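Single chain ahead, by itself, as structure tokens, in the form solved without its partner chain.
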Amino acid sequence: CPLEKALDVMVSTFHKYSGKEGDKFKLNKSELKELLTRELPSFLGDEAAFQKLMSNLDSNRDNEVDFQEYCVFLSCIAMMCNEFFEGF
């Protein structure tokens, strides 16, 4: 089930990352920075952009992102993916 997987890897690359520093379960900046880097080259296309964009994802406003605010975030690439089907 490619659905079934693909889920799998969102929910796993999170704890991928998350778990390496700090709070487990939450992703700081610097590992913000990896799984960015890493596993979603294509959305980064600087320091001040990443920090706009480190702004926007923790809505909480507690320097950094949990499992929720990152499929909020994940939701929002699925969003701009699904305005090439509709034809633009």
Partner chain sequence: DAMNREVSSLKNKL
Given for the second form:
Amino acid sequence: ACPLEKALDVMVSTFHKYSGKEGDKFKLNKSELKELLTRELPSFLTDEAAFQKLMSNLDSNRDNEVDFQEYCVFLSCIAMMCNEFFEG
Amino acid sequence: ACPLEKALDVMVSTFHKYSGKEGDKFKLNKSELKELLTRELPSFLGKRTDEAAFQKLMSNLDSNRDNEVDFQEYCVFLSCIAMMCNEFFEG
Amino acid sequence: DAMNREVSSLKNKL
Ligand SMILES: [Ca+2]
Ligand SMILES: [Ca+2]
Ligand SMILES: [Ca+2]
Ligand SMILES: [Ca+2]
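Mind sharing the form deposited with its partner chain bound? What's above is the form solved without its partner chain.
Below is the whole assembly, all chains and molecules, this chain first.
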């Protein structure tokens, strides 16, 4: 088994579980991102104001959607947070 | 934990499996990066088998020029692989 | 990388 290759597959597939509901099927609007965060990353979570400042931050090109690249930048940052704890 | 949380945890653990082997226990030197790619990412290493090609990959990952791949650089690497594979999902 | 830069930008915001 290659756990890191399995990890990579989950990183890709999880995005597409949510981005397809509304609008561009390859981007997360704020509603799709809230679903993804609530259901898939519950340990990292909250009010609607909290979901909004998080949305703003993830949407680094200001188009009101989170695209795949922005989502990977986010997941890198969350892994980095866990890593900083791991390192001590 | 949920699948994506476990994926994040595997990203972190797999890095330390290799980074802690030699020298700076928190960065990957050339031998550590090579062993991580070969064992942990065999589907994705192809062209990089060639030594000069692997050193080129390494010099592209090492964006702050300190000779090693730190955890941030490694995440960027993994994100590039994910973005590669995502091209194929989207079609 | 543009990606490395973007990671650093976001990490300083979260
Ligand atoms: Ca969408
Ligand atoms: Ca965006
Ligand atoms: Ca090391
Ligand atoms: Ca480096």
